[PDB]
Amino acid sequence: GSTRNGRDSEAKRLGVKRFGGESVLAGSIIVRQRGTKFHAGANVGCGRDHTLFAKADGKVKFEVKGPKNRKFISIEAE
Amino acid sequence: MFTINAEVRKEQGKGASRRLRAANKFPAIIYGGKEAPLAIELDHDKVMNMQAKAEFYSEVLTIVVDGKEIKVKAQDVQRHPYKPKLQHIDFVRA
Amino acid sequence: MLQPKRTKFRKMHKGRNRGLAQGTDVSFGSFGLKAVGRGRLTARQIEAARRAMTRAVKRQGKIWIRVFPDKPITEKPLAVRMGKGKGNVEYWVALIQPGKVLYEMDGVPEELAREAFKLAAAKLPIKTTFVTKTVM
RNA sequence: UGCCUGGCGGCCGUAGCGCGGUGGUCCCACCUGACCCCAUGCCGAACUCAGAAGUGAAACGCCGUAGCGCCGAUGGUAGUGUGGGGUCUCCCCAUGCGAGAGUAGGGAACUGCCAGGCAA
RNA sequence: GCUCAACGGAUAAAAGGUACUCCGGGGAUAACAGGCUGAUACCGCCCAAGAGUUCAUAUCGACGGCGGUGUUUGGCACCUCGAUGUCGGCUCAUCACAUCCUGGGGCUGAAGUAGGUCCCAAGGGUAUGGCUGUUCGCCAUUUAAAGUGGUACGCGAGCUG
RNA sequence: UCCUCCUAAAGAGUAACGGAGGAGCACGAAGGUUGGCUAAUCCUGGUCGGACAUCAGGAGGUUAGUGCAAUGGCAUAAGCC
RNA sequence: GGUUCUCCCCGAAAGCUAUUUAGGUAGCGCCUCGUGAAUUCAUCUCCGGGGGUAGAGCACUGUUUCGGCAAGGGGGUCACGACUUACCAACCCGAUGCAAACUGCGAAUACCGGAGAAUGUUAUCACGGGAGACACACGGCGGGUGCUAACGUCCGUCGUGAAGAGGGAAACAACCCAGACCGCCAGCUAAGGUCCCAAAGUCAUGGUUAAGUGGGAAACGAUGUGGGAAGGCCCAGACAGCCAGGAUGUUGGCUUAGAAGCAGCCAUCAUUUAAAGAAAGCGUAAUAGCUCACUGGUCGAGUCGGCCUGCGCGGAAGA
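Chains as they are written, first to last, in the deposited numbering: chain W, 8 to 85; chain V, 1 to 94; chain M, 1 to 136.
No wet-lab data here; the hints were simulated from the structure.
Hints may contain errors.
Unchecked claim - Below 30 Å or equal to it, Euclidean Cα-Cα: the simulated BS3-like pairs (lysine-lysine) are:
#1 V:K85 with M:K11
#2 M:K118 with V:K53
#3 M:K14 with V:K85
#4 M:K133 with V:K25
#5 V:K53 with M:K133
#6 M:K133 with V:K73
#7 V:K46 with M:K133
#8 V:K85 with M:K8
#9 M:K127 with V:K83
#10 V:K85 with M:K62
#11 M:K76 with V:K25
#12 V:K46 with V:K68
#13 V:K83 with M:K11
#14 V:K53 with M:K62
#15 M:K133 with V:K14
#16 V:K83 with M:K86
#17 V:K83 with M:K123
#18 M:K14 with W:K19
#19 W:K19 with M:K133
#20 W:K19 with M:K127
#21 V:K83 with M:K8
#22 M:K71 with V:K83
#23 M:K8 with W:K19
#24 V:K73 with V:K46
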């Protein structure tokens, strides 16, 4: 007979690129993600694609803050 | 008037408790009060023949261990899911 | 033929049948029909083992069926090559792990409930056993 | 220093609700008046302003209570990394890691900076 | 300024036939046969609802279950495309047994004669004609019986066409 | 050709004529900023007015919304004005 | 299709991407040669991480069974209105399962990064010369698909084959053991083996099997047999034999034809008593009829029925 599926897309290569304590030079993408699964914290910016880019050549560190426990991404400064 | 002669477990884990269960024995534990939970090892065919009596699951037991007497009830018990036997019994020290 | 009503998706994957069961203790009834073998029961096999079991206990008493199919089985027709899509759904199976209490029964004596599950278990492709409601 | 209270946090349900009680000189809340500053897709209800008669009702803070939420062992069970095995659509043994659910149980948060009140 | 959508777009611009066929390759890839498989087909069992004047089990066995076989229809594409010739008939066969006949038994809802169903048994036996290319089928008339299948759906360096 | 989910075996990637759906746009505000605001659906009471319009109160909590499929996100709202 | 002398060193790929491309080719991945570089890299321990799979759970999205409460709904009954009401049943509550496109939970591993020690012929990276290859095969694990069919197909990852001889699996690329520089009429072992073909135990001890099992196969069947855990009935006398009774009014009802100890409904009596069930099946047109149950006599010591496990038996038919 016939089929109606067989269609997908270029896998977007998302996820975290730089993990925990791992020195990142300013402007380095850390998390490439759909929505704000991981939120931007200290010294880390958020782009127009919810890519949290580093902003200060330092470390990383994820956390949980407020009263929603949203992994948060900060940048220890070394 | 239910007396169960038991022992103290000295190895514990997945491999320790499956070796122990193929030797016609099974592990148990006494816990409660404010003290340490004592890991209890006792013979299977006795306690499997005890639990048919309906006053095992309601009235106060005495587990004999180390020469001591410890008055317990029975709180939680694991059947083997397709064999008529046991794996583990929770005894509340009371 | 016990069959789900308005499922999410028509065709699902095959899947493995690993692990132990969940309907281990007899909850609703007094006597149960527990599985020992790992197989799967179709909706025609649940319903044939129920007619052979309702009949022996002449209808008074009460019977609980602890399994429902909710898994579709596709089937390629004859004289059809491989490929060209998944097959169309023909029947619905329930997956049975060892230990699954299949049927239960209450309101009949201990020997008629014994001598009705054996007439029911001859209709099942899995090896079952007889269990009774145990305290705790 | 000790209580009460207000701002700003730390933390993020052991901290949340429910239920019972409780507080006004301070503070806070409602409250009083609005022609104006400003304000309502109508309405000073809100926002805003000018004041202080009244009440602690609401709300808020504190207290008490486990009725729920939540926290939560030890033991066992499931799973599985590596190496062997079997009556091999599934399992077992040696070894390492070892949950989830449930049980005992805990639990009516704690705490920093400043300011005001009141007692010392 | 292009559904250059055959969307990394061969040209601005392009459909068919070949049984008159031809060349280069391929068992990398189909038809035949073999293999693997057993969905299917076929044979045997399991449960026992019911039918059988009553009585499930003389006989039949629903709803469902478990197998065997490799005989069907298929799946796959492993051998063969530097060639494994094919349907049916002829001639000659050969083995299996799931036995059609003959032979020996059990049960019978078996008086006898004749059956039904079942187990044991492969020694030998196992029609001629009408029609059709037919195997099958139908028909006429026999026979103790006119068995079912494997053998490249046996058999074209044996014949036929 | 492109996008979303699963298969995909908890980094990314991953195939089949595998299982499901969508795109070939819209918008000069539906973009920017500042200032405010909080849904869905039931419940009762209420003129025409009913299962359902608007009004009021309660329960409820984001089960709503998001120009458009699906996933991730969203109260500081990215939702509404 | 074929491609002609020798030795030495290293030694792949059958992948991705694009292609009027799919059996071709191009870049990249893997290979080789040369040059240049950083404890560069690999293993491990320790530390920082991110998950969301296996499992689990059912708050959500869907499915699902049971009971309770229950709107509504449905049946039938009434005189503009409702009354009786054999039934269907949402939201909640309590219990119960299921999910690749469910998640209020959540591993192992794997991965990224940092520190440190040992080890490894720099094993690492970058650039330059030359390639080949882009038909993969099987096996384990995780899956899709198919029939939880195929020496099927399609990805993931590891191994072997390819391109790897040797020993083993009777023979058997792809399985188990193990990686062939050369020679020796030397020794130790692995997988697998030790009665003969055929090198080595007719080894020692302790059980099992009667089937040629071992040396094919299921549901299911059965006083085959060995070990175990509990029971019932028993030398105030059982179990199987062997002699008596095995019944009285119950033609009891039932639509009023008959069910009658043994038909549908049933209750499931109570006297007579050591003992009889208003009957378990055999008789029947309904009865009549043999019958054990339930009782002693006799008898003389254990017997019966379940369960868990070891090994066997049947189910078992091909050219």
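Now the hints, each set against the structure:
no., hint, result
1, V:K85 with M:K11, "violated, 40 Å"
2, M:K118 with V:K53, "holds, 27 Å"
3, M:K14 with V:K85, "violated, 33 Å"
4, M:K133 with V:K25, "holds, 24 Å"
5, V:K53 with M:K133, "holds, 14 Å"
6, M:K133 with V:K73, "holds, 21 Å"
7, V:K46 with M:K133, "holds, 21 Å"
8, V:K85 with M:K8, "violated, 40 Å"
9, M:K127 with V:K83, "holds, 13 Å"
10, V:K85 with M:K62, "holds, 28 Å"
11, M:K76 with V:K25, "violated, 51 Å"
12, V:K46 with V:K68, "holds, 19 Å"
13, V:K83 with M:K11, "violated, 36 Å"
14, V:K53 with M:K62, "holds, 27 Å"
15, M:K133 with V:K14, "holds, 29 Å"
16, V:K83 with M:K86, "violated, 39 Å"
17, V:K83 with M:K123, "holds, 22 Å"
18, M:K14 with W:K19, "holds, 28 Å"
19, W:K19 with M:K133, "violated, 55 Å"
20, W:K19 with M:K127, "violated, 49 Å"
21, V:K83 with M:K8, "violated, 37 Å"
22, M:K71 with V:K83, "holds, 28 Å"
23, M:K8 with W:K19, "holds, 28 Å"
24, V:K73 with V:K46, "holds, 17 Å"
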